[PDB]
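Novice: Here are the chains, one letter per residue:
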Amino acid sequence: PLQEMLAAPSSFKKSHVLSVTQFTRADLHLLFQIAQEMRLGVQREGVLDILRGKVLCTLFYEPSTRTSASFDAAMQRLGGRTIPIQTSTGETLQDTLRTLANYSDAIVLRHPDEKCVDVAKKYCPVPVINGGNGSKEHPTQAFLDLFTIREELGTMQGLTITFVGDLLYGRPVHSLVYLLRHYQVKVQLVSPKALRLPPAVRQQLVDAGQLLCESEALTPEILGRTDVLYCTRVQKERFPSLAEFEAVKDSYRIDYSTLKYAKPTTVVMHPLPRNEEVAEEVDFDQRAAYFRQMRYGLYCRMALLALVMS
Amino acid sequence: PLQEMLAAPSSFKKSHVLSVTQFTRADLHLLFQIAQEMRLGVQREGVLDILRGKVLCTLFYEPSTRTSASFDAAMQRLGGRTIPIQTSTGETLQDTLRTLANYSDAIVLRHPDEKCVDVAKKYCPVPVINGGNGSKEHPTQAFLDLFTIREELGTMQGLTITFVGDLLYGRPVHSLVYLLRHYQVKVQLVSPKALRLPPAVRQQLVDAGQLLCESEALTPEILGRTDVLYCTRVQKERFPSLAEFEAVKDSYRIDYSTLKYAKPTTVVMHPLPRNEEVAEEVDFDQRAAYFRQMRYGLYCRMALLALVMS
Amino acid sequence: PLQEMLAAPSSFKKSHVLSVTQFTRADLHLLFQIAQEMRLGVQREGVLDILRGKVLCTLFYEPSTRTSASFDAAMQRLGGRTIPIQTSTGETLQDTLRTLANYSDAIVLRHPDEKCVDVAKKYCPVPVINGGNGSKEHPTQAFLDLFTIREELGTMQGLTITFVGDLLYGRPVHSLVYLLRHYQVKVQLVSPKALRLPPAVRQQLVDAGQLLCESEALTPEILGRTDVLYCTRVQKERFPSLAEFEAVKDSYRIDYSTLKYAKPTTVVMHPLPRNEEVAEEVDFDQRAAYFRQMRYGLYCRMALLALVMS
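Top to bottom, those sequences are chains Z, D and V. For the first sequence, the residue numbers in full-length UniProt numbering are 1939 to 2027, 2033 to 2253. For the second sequence, the residue numbers in full-length UniProt numbering are 1939 to 2027, 2033 to 2253. For the third sequence, the residue numbers in full-length UniProt numbering are 1939 to 2027, 2033 to 2253.
Derived by calculation from the structure, the hints in this document are not laboratory data. Hints may be right or wrong, so weigh each one.
Simulated restraints, written as ranges between beta carbons of each label pair [claimed, not checked]: (1) V:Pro2068 x D:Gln1974: 19 to 25 Å; (2) Z:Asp2150 x V:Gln1974: 54 to 60 Å; (3) V:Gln2100 x Z:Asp2056: 45 to 51 Å; (4) Z:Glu2189 x D:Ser1953: 41 to 47 Å; (5) Z:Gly2077 x V:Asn2218: 24 to 30 Å; (6) Z:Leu2155 x V:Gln2024: 49 to 55 Å; (7) Z:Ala2222 x V:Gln2024: 35 to 41 Å.
Note that beta-carbon positions come from the ideal geometry of N, C-alpha and C, so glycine has one too.
Using the sequences plus the hints, can you model the full thing?
Specialist: Now the structure itself:
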C-alpha cells in the first residue's frame, strides 16, 4: 500500500528538489498521500525499511536545527543512514558538493547564497534537496505548511488564510501563495505598507481570484473570518524608526486578547523561529499548531526522501 | 533474562530522569542488574536489539564529549538511532525542546541554566534525561559512580569513602552522598575549610551515621583506611590567593608518594575532567579506576535508556 | 569471496594504522583486492553487513570534511555505527582517547600535533587510524592515491609520474614515493628550487632507480611524457616575495593550455583542497580524476576498516 504508492510515477524520483515551481498539484497530492502512510508506519514500528542501503548527507552552512534534525530523523526513520555536516563559507561549494556526492546518495543543502541551487544543478551528480538558499526558497517548508492546513482543517475549499507581519521578506508566504494557486481560498494580508507582498506575488493572488483584503491593522473583523492565521517574524531591522517597529509588534502580537476575536477553529501557524509575535501564553491552546507543523514536516520529508531515493 | 528484567516495573519507564531524588534503592538495584546484563550482551554481539525503532536526540548547549558520546554510544549499542545536536544559548530552550520532541522519543539535555529541568518538565512532551543542569545535578554520573564502587569492591557494607578536594562546588559528591544514604559506609572529607560540604549535605551524613572524619589534610592515616578515594577538581578561581591554591594542590595530588600510604585495594575515582590532582604516573596503576568509570557509565546508560524507552 | 578475503591474514587486523612504513607490498595488494570487492557490494546493496555490531568514533581536532565524512560513510556502509566528534586543542588528548576507547571499537584521529600518533600508541587501548598528524602523514590518503593510479591506468610498470608544485611541504607526495618504492616507474619533479623534495626523499627515488627529471618549469616535454600529473597546493606563505609566488602559480596552473601538451590518457590528481592550481574549466575533462579519487578513497577505507575491525 506504501510500497504501492512508492511504485507510482513522480517528478520527485531521482530529482533535485530546489523550487516549488517544479511540482504540480498531483505531485503534492501524491506526496501528501505517502506522508499519511509514513505517519502510520512510524506510529507502529518507529524505524521503517524503505531506505536501508541509502545514505543521506546534510550540508548546512548556517545552522537550522529544526530543518537539519528534521531531515536527519526522517532519513533514519526510513531506515537509511545519515552523515550530518556542519561548515561555514577556504573550499568552494561546488568542490564540497562533488566531494560529498561520492559518499552519499543525496544531499540536503542549506547555504547563504541563493545561487547555491544553480551551483548544485551545474556540478553535483546526486539529487540535492534545497534546505534554504539565501532565504529565497525553502520548498519542503512550503510543502509541510500546505500539508499542515489540509491536515488540521480538511478541505481547502472555503478557507480564508490571513498572512500577518512582514510579507515582503517573508518568503515562506510567497512559496505558499504559489502552492495555493490550485485552491479556492481567500487571502487576507496584514502588514505595514512598507512590507506588503512583492507586486508580482500580490498579482499572483488577484490572478487566481483570491485576494480578499489588504490591511495595515489586525482587526477583529479580519480575525473573525480567519480559518488560518499564518504569522511571520517581524525583525527590528525592517524598520528605520524603533517606535514604528514596536507599534507594529504590539498590533500584530497573537495573544489571548487577539485570539478571542478569532474562530474556535482558527489554526495559528508560524514557520519559526519566533520572537514575541506569538505569546507563550498561547502555546497550549488547541489552535496553536506551530509545533504540530514540525511533526507534519517529519512525515512530509520522509515521503519526499522515499520518493527522491526510490 | 534481559527481556525479563526489562519486563519488570520501574520508576524509569516513560519518566524524566532529572534528579537522584526521584529514585529508590530498588530503582537503582534493578538498573545495576540490567547494566550487568547490558555488559554481557555487548561483550558477545556489540550492537543489541532492545531499541530498534527508537530515536534519541542529544541536545548539548555546552560540550561534554564524555557524556554526549557516552549516550550516543549507549543508544546505538541498544540498536536505536541517535540525532546529536550541538548549540549554544536566539531561540528559547522550550521552543527547541518542543521542536525536537517531534523527531525523537527522548532527549538528553545539558544546559548551563539549572532551571532547565523545570523548563523541560513544563514543556517537553517526551522523556528528558538530565545530562547536567548548570552543574547542580548530573544523575547518571551519580549512578555510574555508585555502580563503579559496587563493581570494583563488591558489597558496600564496611567501606570507607574519602572525598578529596573541592567539596562545596563538587556536586557529584553531593549526589553520591544522597545515593549512599542506604548503605553502612563511613565517609571522610578532605578539603580546605573554605570548601567543606554545604551544611545540609554534611547533615545528611551525620543523620545516616556515616561522618567519620573531616580534615584539611590528606594524611597517611586517612589514606590508610580509604577503600575509595574520590577526587574532585580544585580550580584556581575557588581561592583568592594563588599561594593557598597551590598549597592545596600539592597537598591533595594523588601521585605515587600518596598512593604508597593507601591500601592495595583502594579504588581511585574522579568524575573528570582532571587538572593535575591525579598524576599521569598513576594512570596505569590497577587502582586507577577513572577510565573504567566510563565503561561502567556506558553499561548504566544503556540500562537507563532501555528502561526509560521500554 | 569477500568473507574469504577478510578471512585472510593481514598486518591490518587489530592494528593501529599510523604510518605507510607499517605495511608491505602484499598488505596493500590485499587491501586493494578487498576495496574492489567493497565497490561491488556497495554497487548492489548500498549498506553491507561486514561490521554490524562495531562502533567507530571519529575524533577530529581540525575539520577535514573530505576525510571525516569519508570514514563516516565507510563505516556506515559496512553496516557499523559511527560517533563523530568535533573538538579543538582543557582536556588532554590521552584522556580523550582513553575516554572514547570505552565507547567504540576504534578511533580515527586527526590532530595538529605530529606526536599524536605516539600518544595514541602509548595510551589508547583500541586501534587508532591516523587521519592526519600535524600534516606529517596521512596514510589512507597515500593508499587511496596509489589505488587511484592503479585503477585509472592498469599496471604500474612503464608509468611516468610527475609531481608538481610544493614538494617540500607536500607530504602526500613523500608518502606516495614511499608506496611507489615497489614499482618500475619514473618520476619527474617540478617545483621551485626553494621547494624541492627533502634530500632523503629524493634519495629514496634515486635509490629505487626512478628519478627521471627535476625541473623548475612545467614544460611541454615534461607534460608530453606524463602518465600521472599529481598536483599539490602552493600556498603564498611558502614564498617571501609575492611576485615569485604568482610567477609560480601561473607557471604550474593546470588549465586547457596546459593539458593540450599532455597525453590523452594523463590522469590529473590532487589531494585537495585546491586553490587555483587546477582550473575549474578542467573539472569535466575525462582526465580530471580528483573527484574520482574520493570515491576510490571510500572503497579503500571500507576495506581498511573491515580489515582492522575484522
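Novice: Would you mind marking each hint as holding or not holding in the structure?
Specialist: Here's how the hints hold up against the structure:
no.	hint	result
1	V:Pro2068 x D:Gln1974: 19 to 25 Å	holds, 22 Å
2	Z:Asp2150 x V:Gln1974: 54 to 60 Å	holds, 59 Å
3	V:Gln2100 x Z:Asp2056: 45 to 51 Å	holds, 48 Å
4	Z:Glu2189 x D:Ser1953: 41 to 47 Å	holds, 43 Å
5	Z:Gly2077 x V:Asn2218: 24 to 30 Å	holds, 25 Å
6	Z:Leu2155 x V:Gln2024: 49 to 55 Å	holds, 50 Å
7	Z:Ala2222 x V:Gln2024: 35 to 41 Å	holds, 37 Å
Checked against the numbered hints given earlier, the structure satisfies every one of them.
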